[PDB]
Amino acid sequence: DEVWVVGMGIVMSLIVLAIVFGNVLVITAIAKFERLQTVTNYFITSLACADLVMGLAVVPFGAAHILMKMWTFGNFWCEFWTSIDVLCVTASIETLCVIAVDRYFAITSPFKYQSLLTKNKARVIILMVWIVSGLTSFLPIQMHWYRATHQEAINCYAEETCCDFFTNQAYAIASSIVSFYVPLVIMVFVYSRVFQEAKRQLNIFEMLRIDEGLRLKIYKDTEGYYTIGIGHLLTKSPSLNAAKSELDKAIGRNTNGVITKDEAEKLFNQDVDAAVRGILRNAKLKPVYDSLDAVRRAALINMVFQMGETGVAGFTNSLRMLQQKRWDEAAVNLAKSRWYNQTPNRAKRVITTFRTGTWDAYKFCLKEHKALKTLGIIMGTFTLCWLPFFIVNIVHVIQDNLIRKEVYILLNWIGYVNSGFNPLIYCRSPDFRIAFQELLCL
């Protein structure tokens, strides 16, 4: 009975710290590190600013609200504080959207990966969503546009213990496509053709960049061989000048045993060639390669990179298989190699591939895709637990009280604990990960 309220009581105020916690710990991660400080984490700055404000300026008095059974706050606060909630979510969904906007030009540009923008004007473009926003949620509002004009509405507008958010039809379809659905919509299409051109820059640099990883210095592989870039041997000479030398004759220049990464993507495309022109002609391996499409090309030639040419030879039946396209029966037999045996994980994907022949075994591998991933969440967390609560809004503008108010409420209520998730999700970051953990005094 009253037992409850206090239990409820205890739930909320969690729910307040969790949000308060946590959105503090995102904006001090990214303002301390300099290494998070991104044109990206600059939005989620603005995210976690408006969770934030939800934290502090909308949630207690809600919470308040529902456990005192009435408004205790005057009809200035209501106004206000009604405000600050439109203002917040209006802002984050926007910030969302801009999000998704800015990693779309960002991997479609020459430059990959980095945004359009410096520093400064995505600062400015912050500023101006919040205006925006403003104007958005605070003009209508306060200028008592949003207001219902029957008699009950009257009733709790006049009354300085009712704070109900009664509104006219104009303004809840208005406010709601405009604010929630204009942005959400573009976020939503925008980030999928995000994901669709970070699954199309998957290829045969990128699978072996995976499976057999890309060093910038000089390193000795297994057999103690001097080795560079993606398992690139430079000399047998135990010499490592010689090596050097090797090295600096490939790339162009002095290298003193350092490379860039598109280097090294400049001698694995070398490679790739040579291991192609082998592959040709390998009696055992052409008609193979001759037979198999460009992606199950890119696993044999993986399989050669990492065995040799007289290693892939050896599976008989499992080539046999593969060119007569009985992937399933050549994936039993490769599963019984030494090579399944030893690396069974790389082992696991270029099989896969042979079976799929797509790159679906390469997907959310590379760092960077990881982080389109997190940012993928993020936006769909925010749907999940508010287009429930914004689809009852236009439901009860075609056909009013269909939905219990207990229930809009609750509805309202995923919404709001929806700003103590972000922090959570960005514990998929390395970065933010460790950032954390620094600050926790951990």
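Numbering follows the first chain given and starts at 1. Whichever C-alpha set is largest while still superposing within 1.5 Å between the two forms counts as the rigid core. Compared with the form deposited in another entry:
The residue among 162, 186, 366, 307 whose Cα moves by 2 angstroms or more between these two forms, once the core is superposed, is 307. Relative to the superposed rigid core, residue 131 undergoes a CA displacement smaller than 2 Å between these two forms.
Core-superposed comparison between these two forms: CA of residue 212 displaced by 2 Å or more. Core-superposed comparison between these two forms: the CA of residue 152 stays below a 2 Å shift.
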Second form
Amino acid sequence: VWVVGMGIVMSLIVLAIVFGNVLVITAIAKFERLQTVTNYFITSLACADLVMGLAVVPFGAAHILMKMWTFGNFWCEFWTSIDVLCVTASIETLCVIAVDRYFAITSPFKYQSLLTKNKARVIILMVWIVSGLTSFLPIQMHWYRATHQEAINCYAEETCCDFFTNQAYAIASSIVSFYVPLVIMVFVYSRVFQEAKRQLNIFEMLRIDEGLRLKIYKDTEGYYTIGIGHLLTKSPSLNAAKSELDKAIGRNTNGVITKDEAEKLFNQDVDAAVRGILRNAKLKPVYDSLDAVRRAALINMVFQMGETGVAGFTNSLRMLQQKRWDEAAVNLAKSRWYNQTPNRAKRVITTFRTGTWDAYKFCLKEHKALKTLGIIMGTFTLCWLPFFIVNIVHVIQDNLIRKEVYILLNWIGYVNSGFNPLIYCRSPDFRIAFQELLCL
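I would like to compare: after the form deposited in one PDB entry, may I see the structure of the form deposited in another entry?
We keep it simple here and write out only the one chain, dropping partners and molecules.
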């Protein structure tokens, strides 16, 4: 009675997919900084969604509104071949991203790919080549067709294009195209989240709660600071901070250093804090009585307040040595250090209390980047898994699943093509990128 409301919602979906994915593709094409191995795979993923929104979803909406197929038999064997192609090439790309992110975090070059940009193009071509054989060869050679009468009536009729497949195809094609790359993706990327948390480091811990500024700034106390929380001087003079900066770097800096020399200062200060923990008589027994995680929290305090200041927590150092983490967490809260900087002290106290990195989960920028990739994979799973689960259940018990439920679940996977550009807005780098492109 009212197909307009359904038709308008469908028209807004096609527009959101074409606009959103062309926006992602152009950002990677125009900006030199975005040319990376991951964004190459993002382009392959965005191209799959673009062909989805151009050549698949519009004809799928016309098929629903007209209750028939008005584009002929040739286009539908193609429309179905393209539809299966974009879903296969999407899950395989995600599987390649999860595997590529695994080797990046297990390598010494943490968060950086072991592939060159030319190898990434070779993998993408192979992905579409293998996906092309999986999607086109069964459809064009008619390896999918069923044998019953209702299916043969739809094949011989040009105005009917319901996707009837035999049970062997619906079982095999779902497993080889979707389930196998999905299970590998979920398993491998589950390990990336484990390694990111397990390989969490005091150098990344201090980077999180003190940031990085390669130009001179003032900290919460007003003192001049540069790098990763490297105190230059407590004097209000700016030449004094600049003069002390030149002595540490060995160069007239004018208050500006690079990241290569900012980390060298950071590595010096961390070693200075550790060397001060071992020399101090009060901190030495506590440090030897701690695991690697709680050792990092103790160096975090010494990094911020100095060796003499951390030794002042007389009671807290008793119980951190006495393995009584919960009691030490309360005394650490009752301190000027908690009142001064509570968000940092909260993360340190939690580290002392739980002995884990729960307070620094997804705080590092690279770990934020890995979380968004997890949302792309998780949302893709939630949108297509009900459809593919119903595929298998329909094969076992044929009478159970109606086509109204089948089309509904298929379109939940259809709207997934527009979610990727929205999820990429979690990145400040794409956010700046599309602001430039949209001229905002």
